[PDB]
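One chain is shown next in structure tokens, namely the form deposited without the named molecule.
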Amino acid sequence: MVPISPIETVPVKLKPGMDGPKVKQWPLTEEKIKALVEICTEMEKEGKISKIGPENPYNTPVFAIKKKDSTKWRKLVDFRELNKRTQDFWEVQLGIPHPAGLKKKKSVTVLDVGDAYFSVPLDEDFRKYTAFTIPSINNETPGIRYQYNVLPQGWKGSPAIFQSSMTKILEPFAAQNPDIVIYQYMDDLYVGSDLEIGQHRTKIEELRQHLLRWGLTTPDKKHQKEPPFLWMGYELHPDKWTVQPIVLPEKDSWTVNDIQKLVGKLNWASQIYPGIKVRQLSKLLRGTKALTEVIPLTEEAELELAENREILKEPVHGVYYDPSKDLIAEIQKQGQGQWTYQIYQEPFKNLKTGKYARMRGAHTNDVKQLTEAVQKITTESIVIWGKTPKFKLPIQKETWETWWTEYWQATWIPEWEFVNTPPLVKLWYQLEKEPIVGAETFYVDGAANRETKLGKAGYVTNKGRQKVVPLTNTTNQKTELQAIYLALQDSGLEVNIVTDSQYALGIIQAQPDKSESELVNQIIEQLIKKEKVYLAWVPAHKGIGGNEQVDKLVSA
């Protein structure tokens, strides 16, 4: 025999303070038992399990399930209890490659590596925790006791030990053959290259020879798999990629559950289909969790779905990454807090697309949302390609400069150019930095009775203009905003406004262009039609006349 190097064991522990499983073996029909005995005899013959004596105090139940439409049983050991006690492991497969970061390959060949999973030895000290019992016929003898010598199907540590054992094998091969890529997925090995058919097939054979060093045999009859590959919801081709078919159903009434499937398919499609939108269809789910409640589709949700259907009418594909070329990211505003983007290197062939949705907020503006969308694309691009894209944004360079230099927060977006494609992001108002000479000065105030919810809002000005409005079912915060609204409504194109509302100042200093509050929205609409607004704050109830006067008026 040819010596093979052993695959070294991973030392495995139970969680601190915990012991192995001791779980009832439920009795089996006489039919199931004979099938498990033959099953276990072949596995024992191949080395996967060994008979043990009666000293081992652990146990995990074994079951007999068999494939529909056949007559040769199969064994399921239910490791749920042992898994609760097995230590955590490093999980590597959490981050899955995105197709848009892959490189184009001339050939990708698939190798079968099913033989390896069962030749990966289980740490000797841990094997005792894997004990199981085939019940005896009529329960008149001791059940036959076995334990695993290899990673068992269904045990918590098998995926991460198997993957790390294969990595150690493949590492030196990949390192000494930098003109190929290798990726393992369950019992399949994929090797891609740009080599001429010649050296590519030779590289394949080298790999088989390398695997043989560990005694891992690969089948000679070449694989069933050939490009395109169906993998993790995508279709991988040698020179392009897409998502698997996205078919939006025809339905007359839509369930909670059916809409949740519609949105999921839309989210999955949006990584290659440009312009997908889900705001209205997702907001049919607000708070409710009655899995089968039927929801009427709003007029908006129907226009959004009709929008999406036309986008899904033809298949669309993405191209792969070319590391020799810049990445370009282009962003568009879609409305109602929705943003859409394309990433490409060459005109008219996207690597991928995507969308970004405005967060739940009380007050917001387009520049903040654009900024957050850019940070999201940037981080996704670091993941997929390792570098930041060049940005094409629908905001003028002037607008951005005005925004970031005056905004109270530090803010930044990386290298970008303006793209003149409507609708453009803009500043809807800008407050003055100094008081306006010649503009009427409005001293505003509101107040509300906490028990009656009655209030007043109003102003007095240096020209003697005055107003006080009685208000019902209001609060002090609302009345302070109402007073500012009245001053805006009653002033000319330039106005100085003096308030003591720290609350109102905090909102306006956030520079919103849209709010959840209709009162803030009304103020924003008034600000947009002014030419100049100076907003001044001063402390309440200190003696500031004008403030004191209208405070005496609105708090009566």
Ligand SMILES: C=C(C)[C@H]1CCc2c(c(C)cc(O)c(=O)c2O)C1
Given for the second form:
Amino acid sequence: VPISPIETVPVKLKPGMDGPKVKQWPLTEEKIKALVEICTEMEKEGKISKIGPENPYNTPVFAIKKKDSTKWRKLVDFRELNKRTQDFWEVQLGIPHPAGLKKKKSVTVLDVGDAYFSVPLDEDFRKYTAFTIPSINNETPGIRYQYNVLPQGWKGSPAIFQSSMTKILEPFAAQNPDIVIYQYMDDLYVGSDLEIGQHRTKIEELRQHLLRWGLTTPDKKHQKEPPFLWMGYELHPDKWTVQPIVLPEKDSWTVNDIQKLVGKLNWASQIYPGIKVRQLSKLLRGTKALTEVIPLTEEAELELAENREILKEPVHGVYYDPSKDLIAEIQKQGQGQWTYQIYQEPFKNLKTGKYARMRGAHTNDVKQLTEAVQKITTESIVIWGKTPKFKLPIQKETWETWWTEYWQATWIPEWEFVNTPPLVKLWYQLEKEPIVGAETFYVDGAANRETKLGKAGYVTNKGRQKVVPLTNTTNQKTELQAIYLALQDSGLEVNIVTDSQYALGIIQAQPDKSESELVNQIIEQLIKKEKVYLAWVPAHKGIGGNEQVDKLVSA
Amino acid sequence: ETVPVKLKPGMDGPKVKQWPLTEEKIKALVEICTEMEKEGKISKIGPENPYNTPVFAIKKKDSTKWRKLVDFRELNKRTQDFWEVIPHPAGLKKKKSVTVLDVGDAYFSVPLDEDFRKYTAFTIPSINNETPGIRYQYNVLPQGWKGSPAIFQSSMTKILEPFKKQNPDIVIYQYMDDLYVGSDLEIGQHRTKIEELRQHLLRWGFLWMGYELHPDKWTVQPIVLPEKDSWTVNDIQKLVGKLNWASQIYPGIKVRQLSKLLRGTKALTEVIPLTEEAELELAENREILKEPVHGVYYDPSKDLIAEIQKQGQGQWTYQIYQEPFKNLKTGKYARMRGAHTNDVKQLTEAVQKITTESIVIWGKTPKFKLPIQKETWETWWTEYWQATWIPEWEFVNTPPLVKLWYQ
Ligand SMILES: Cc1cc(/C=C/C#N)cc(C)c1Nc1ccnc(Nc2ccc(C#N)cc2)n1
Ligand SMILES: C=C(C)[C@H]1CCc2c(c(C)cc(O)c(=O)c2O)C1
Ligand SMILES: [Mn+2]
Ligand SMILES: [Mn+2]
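Now show me the form solved in complex with the named molecule; what you just gave was the form deposited without the named molecule.
What follows is the whole complex; the chain from before opens it.
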């Protein structure tokens, strides 16, 4: 019975490079007899073919015992050929996320560990796959072979096998839109909803379809059946999770142990709500090197301990129902941490997750919330192809005040306020026009680059003045200090005039928390005021209030 | 026959990752590519082709017909540079009207050099990575490729000879997929010559859309100083700041008389009457600002930079330049679009408008500096984009002080 051949893919070596010419390693008499037997059947099966002495390429072959069995296995080390082989288009870049899959009543697993060798290797590329089985005692020309099929270990085998398999399955899937087919490895997985009665029919039709290419598929009941252990998860017919997450009990934690714990908590955070890892990742501020046996701050133990009370019992996520709306809920945890859950039906999470701010000294809650939303939006597009509806802890009025006045363009997709503390809020608002009746403070700073001594001060319209001597400080620091002094010594409403672009850049950035306590103090002061108007003027342009205070702090 | 093409020596093809696409966009692209494949325009490719260029979908406006758009930015940069045998219409920017015409479909009637095809590979991704991505490569000249207008030039040159000889005053310029047609006609004959043009094209072998521009109506924006009867200390402080800044562009500016008004530590709301020395100085400074800048020239080997500032309540200002403080163009968009709902839609609309103007004036797109977080822009620009080209851009994260001074 005729069978359609499987077209070969043209392969080339990277430009300027030639095939590998690696020396064969000396083997034991025992390993050679094993390789000869193995190679003999492979040759009988058409997988390899003996070659003459003309071929000048070589790749080392090895023999490894199988978990202490009576059998041997051959390993051709293609590392060197892989460096000289062209790059291919990986179509298994990403694995699909469990929260995106659809629930299927029935799902069968068909093996194709044989259809792998029905895949031929481009004729003109075969020579590069040459290898040599050494002869017993090195007294005769070693046996030379080259591959006729995709070799195990070669750079392009995965891509070519997967694309060849896809091309064959392409018409079957299309014609049968009531089933899903997934080619992870050597086992084929087919899911569906139709009664098991006709789902078995579909399977037989697939096996028939694969026979067109003479690919047989082996008419037993595959050992694999739900649930499946795949890519760190457990997949069940109607639910999924991570696999088993176990947090060690330890009296000693070393950089590695903490990195290992953070990894488990991150992986666990996709389905276990509330997971926190800030106080932990903070203890690994920045080194390469295990081990050191660092200690755990009273926060690490408190934050981690709370984790154990989350992973206490198993939590499962449901699968995606395209006919139902996707909803994402976010909560602030503090210390720049945020957690979110995505679901379609109340309390039935498809998946969950966390968000952590990036490097920076000044930030605010609204900006953090926005970053979280963009992240969730992208992940959603990748997993479900759409943007979820958001439930956020921030009043519509706050958000509007924020984006209309923020210097940057910003946007959040369709959302709704959810009243669950702590809410996100704007802590202070600078004024747009100078305040009438309020005292005007002209501030300034200066520091000597060399001595590091400086002064910070202010003068006001009411004659109020102050100049404070400072050590260990920079120009930028002194200028922030001056603003702080004016805030400290003024009433609930005040006009402040500065010449510092740097200070304005920081307050125009509108932070509500900072890595610099100086800025934090200022923030604390802003929060307590009723009205504050910050004005800027150019240095040294003959201006009152400014020309004075400048002389007072320059020295 | 096929005019040959190669890449710049040094350089392999593009290998750009395809970004996540929504379900509506994927279905549109699957449907479109299915029919382009039928028609021989594109062909499925195998894994031996490691190149890739992003692709997405855009509905042109007020309509429900998707367009497929390929982001050839990377390929363009990477493909050698295709001089023939244009430099610019210095009078297109002068013409009363200009109608923009999508002629990209013409390209699909010229075959692409088989040895270059691999370089035009693109992927239609699947939701949640569930099935492999559909891979294709072009067989014909692709829209959005810079080689595309270049190679097809010869053929377009003689396709327009008739119309051009019978209308020697009309200016016709071509940029990427787009034909720009400019004339001083009255705005109703102007339309006849256009809807002629395309009937003259659609004979000659969605070009029905038009985007009318009026270069004679653009809308520059010098610096202006306020005209007030009573000045507070704050008004004068802001004025001296603005003038100090402008003195970096115009050398003759002077402040000293205005500064010497603010002698003493006064209350910001106190009214200050102007001296005659002041009011003279302010006057001489207004004059200087009416003159144009000194030593400002375009240098076509240099990049154009565009800066944009959000001025609030729907207004946006911008400047185009090559050298700092040497503006070649400045402007404002107190238009509606976009909001009052959406900041990002407005910004996207501004970028397109400024790009269009930059093409008309210099024949190339500028490199944008954008007042927005990279993560916010990337997640949303494609949802509001409507142009067949795409400019380069970078992100600004520090609020510029000069924000106010341009409004
Ligand atoms: C990604 C994937 C991995 C495996 C399996 C890999 C392995 N090992 C098996 C299949 C069939 C799929 N693909 C799809 C596509 C759409 N819905 C689903 N739903 C779905 C999958 C498994 C279970 C179960 N039990 C329930 C529902 N799976
Ligand atoms: C060139 C100068 C007049 C000096 C002295 C004061 C002075 C100077 C500079 C650079 C910056 C300031 O912000 C400032 O407040 C100054 O007083 C430099
Ligand atoms: Mn200063
Ligand atoms: Mn000073």
